[PDB]
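K.L.:
Construct the entire structure; sequences and hints are all you get.
6 protein chains.
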Amino acid sequence: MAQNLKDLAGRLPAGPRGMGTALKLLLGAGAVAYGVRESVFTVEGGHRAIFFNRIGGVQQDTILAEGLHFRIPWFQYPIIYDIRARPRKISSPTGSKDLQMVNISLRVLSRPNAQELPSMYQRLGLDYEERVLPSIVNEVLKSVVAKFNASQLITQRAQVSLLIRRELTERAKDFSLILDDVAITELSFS
Amino acid sequence: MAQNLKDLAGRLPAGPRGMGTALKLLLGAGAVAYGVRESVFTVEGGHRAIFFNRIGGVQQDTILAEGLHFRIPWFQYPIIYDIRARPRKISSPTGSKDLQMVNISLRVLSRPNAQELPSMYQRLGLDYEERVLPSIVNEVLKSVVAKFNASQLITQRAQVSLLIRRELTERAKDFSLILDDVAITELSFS
Amino acid sequence: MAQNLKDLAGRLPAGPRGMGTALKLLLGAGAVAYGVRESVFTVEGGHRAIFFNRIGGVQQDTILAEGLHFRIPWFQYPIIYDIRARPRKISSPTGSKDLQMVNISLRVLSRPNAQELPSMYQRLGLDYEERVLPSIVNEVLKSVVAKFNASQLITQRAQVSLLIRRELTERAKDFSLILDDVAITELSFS
Amino acid sequence: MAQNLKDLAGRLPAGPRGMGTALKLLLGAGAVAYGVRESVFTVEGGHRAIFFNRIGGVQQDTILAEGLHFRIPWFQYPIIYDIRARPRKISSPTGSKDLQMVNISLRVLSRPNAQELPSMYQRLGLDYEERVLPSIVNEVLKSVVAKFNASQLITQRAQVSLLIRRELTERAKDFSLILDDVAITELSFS
Amino acid sequence: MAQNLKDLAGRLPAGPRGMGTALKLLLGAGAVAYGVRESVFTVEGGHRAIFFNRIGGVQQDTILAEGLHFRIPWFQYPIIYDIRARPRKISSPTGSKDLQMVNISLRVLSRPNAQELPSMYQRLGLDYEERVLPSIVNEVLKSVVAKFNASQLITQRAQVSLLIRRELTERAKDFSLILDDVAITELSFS
Amino acid sequence: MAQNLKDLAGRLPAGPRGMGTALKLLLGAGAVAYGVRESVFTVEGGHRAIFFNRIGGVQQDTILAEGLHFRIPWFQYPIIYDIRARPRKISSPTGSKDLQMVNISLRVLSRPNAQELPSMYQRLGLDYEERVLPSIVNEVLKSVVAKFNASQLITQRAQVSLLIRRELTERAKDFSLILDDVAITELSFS
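Chains as they are written, first to last, in the numbering used here: chain A, 1 to 190; chain B, 1 to 190; chain C, 1 to 190; chain D, 1 to 190; chain E, 1 to 190; chain F, 1 to 190.
Worth flagging that the hints you see were computed from the coordinates, not collected in a lab. Just to be clear, a hint being listed does not mean it is correct.
Since the list gives no way to pick one copy over another, a pair counts as held whenever it fits inside one copy or between any two copies.
[What the hints assert, rightly or not] Below 27 Å or equal to it, Euclidean Cα-Cα: the simulated DSS-like pairs (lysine-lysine) are:
(1) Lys173 to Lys147
(2) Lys142 to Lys89
(3) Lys142 to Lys6
(4) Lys173 to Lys142
(5) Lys6 to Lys147
(6) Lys89 to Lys173
P.N.:
Take a look at the structure:
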């Protein structure tokens, strides 16, 4: 029993001109949908999501796991890291444990294993892989060439990665959690 | 005879202003069709389809055959695997079953011919190619090399070429059922 | 005679509501042309047309000749193949008729001789050249490299082209009708 | 004194929706220009124009000179060739004039100079450079080595090219009118 | 009396639909800006401007210092040249001054020097960096081989760079204004 | 209470025809948003901002840090430097401090740290890395090779790199302030 509720129902039909303009709005949504078709926030697949807000430090290439959510909260940003083939290797000639000319080449592989990119994002350090990728590869490469010998090096370039395999596992892991294989293509000088 | 039946039909030819405004809809639909031209769900014909829901369980590297059915329901997503060349190979030099050292290496090949890729999508492993490629290859050359290869070190790539396939054929089909050829370019050190 | 004929001519000289909206159509028509500008059916560049309908059967990767026609029948699809440079060759080491080290390397060329991609499409087998490219160049080589000799290989890597040129033309045409050139760029080991 | 001329100007002050909807046309003109922004007929930069009709063969891979004209006649199509660097060369070992084995390598150069792409369009044949590149290069190379000797070619890979410079001018003359430079990088076997 | 002021007040009120339809014009202006978002005439920081009109000789391979101006005069066209990295060099041996084999390989670098690309543009001719690269290098590179000897070249590929370094400065200025560096990376045959 | 504050409420609304046309405005804003979806000023990801006004070509190869501010005023422009791999190295073989032939190679690397690109953008030079790269790498290379001898250089390509590390650190930081490592792969000639 209330006239206020029954009166509101008369406002719906009252002024049908507003309903006509409502159509023009529907056509505008179809045109705006195109601009959205090119971008989106919900992680599609084969990729992980990461969070950051305008005011603050931006993320830095990092992917965790999939989830159903949209960037429609209030202060979240869209920036995610995608995985792909990684070509990065060099032949370094150096000797400090057997005179003559010794060589030692090393390379690391990046694999999307487990999930911990949001915690490693700022903990990984400045930049992303381009920073530590070359350092961890040239660092262990310059330290092992001095410990290893040239005689055993010429015997087999794969035998050199055997001792470095234990030093690289603790290095790449100290920055983040990932599974990489230790192997290298090296040429020795004589 | 129901008279209301004629009153409803008369509404088709005699519609309200919606008939005049309906024109703006036909002209707006042509614009929305453009956004669809850039993306769709029905597989064209030279590619196979795969299924997944917003929930966890994304799929990839999968493709069965062609049919007109796709992204029709609500719990379905568009993510399919397209065929493409695959460059992945290495020469592993190891010494164990010989006098000095033998070099044995093998490459794996994956070809989605016809065996339902969705069943293998979760079984094979989401993008687990980089994992099984080296894991299986790096493991095979490690087992066969220790089996026997003293004088065979030279004839190896020639004769062992078949032996590496015998153990690789069961390993390649282990992760999934597919018809593909596998051969590697070997070089021995002596 | 007939008054209905004179009443139909009055439809032109009039300014009803359809005329005010009729213009909105001429404008949106130019916007729909954009979606078509990105894709069409009438073959344009030096490419041939092929046909297939939404069904288990399909027709992709195949071109016959040019014709003036639009995909506006009732059940035809747009999927055509294009021609372009083709880089595909490998160095394989395999010797037995003489020594245990012989490297051979042949390259294949693609030429749209005449037109027969629609009949050769389903007759070519799954995929397109990717399957017959390596399967043929690798089989004709492993089979011929076994009969030839290593001592003659160093005499002239092209001398072997004369032999494979006869067996290659037999397998190359087995899939369809095309004119290919036989030549081999290779260095042998000894 | 004509009254009809006064009735024409009297019609100006009487355009209700004509003057209103007239604006919708001006705004639509800017929209149609967008689809044209991606493609056009008036050649631009250093490119030449070519002409062909749907039911009149097809022109392509051919550029003449610049001119101010639009493809708005009645039966003309937009398809033009562009200039760009050209990398194409091979090392072939062929010995016949002598008892030893001499090598002969050669490559052809292309230049947009001169204006004869429309006349050469149908003269060049169906294919374009891919057919004349390996043909004239593989033809003269095998036809010259047979005449030239090995001891004379080994003396200087440039000396043997001095004779081909005379025949290359005649063969290259076929592909429209253009001047080519005769020079080659070759290594001989012995 | 001052009718010019009374008519200015009557021009404001253009009917009720005049101000209502004027809005459709503003909404159309924002649309025309989209097609422009993809192109523009004011050279952005990092590029030089060039001028030409639909008449004869279309400019394109040029660049003038930055300036604030738009292609809105009356007869100007938008076509400008961009600067970037450039890899261009050859490796080949040549014999002439000595019976042995003299090899020479030099590479030229492009500097972002404004100076005046349009003045020299028409004086440069089409195919600048393309034909002028080998014409200046390939000529002084393959021609100087007959001037110097091989015994002195094999001693140091950089030694001969001291002489050609003086000729490379006269040829580089002969075409447009640019600063070239004197260096030679080359291997020689004995 | 005042009549101005009360009459203002009646001036806000403009009849049903005014509020009805206001809808067309909200629709135009949806279209202008798409043009912005392709470009913007607020930097994103791990990129830094740079500032310049319409006048010439400066402030381009630079990047400081992230903050929400960009192209707000009218004399500001959007042009920023994005970090990326850098391939630049050479082997310089020259003998002067000894009798035999000694080689000396060196490379310089540049990496952004924090607050340094906006100040050095002009002093460093608009993208002058191509000039300063060889200028310093070729300078310190000829000054050190002529200073030290080949006996100590051939002993290890790393030893000579340690002495140049002090001369390069002062030259690299000279053009700007940045933290980067400089190492080169050298090869000596016997």
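K.L.:
If a hint holds in the structure, say so; if it doesn't, say that too.
P.N.:
Right, here's what the structure says about each hint:
no. : hint             : verdict
1   : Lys173 to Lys147 : within (22 Å within a copy, 33 Å between copies)
2   : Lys142 to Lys89  : both (13 Å within a copy, 18 Å between copies)
3   : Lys142 to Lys6   : neither (84 Å within a copy, 82 Å between copies)
4   : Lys173 to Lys142 : both (19 Å within a copy, 25 Å between copies)
5   : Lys6 to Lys147   : neither (90 Å within a copy, 89 Å between copies)
6   : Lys89 to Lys173  : both (19 Å within a copy, 26 Å between copies)
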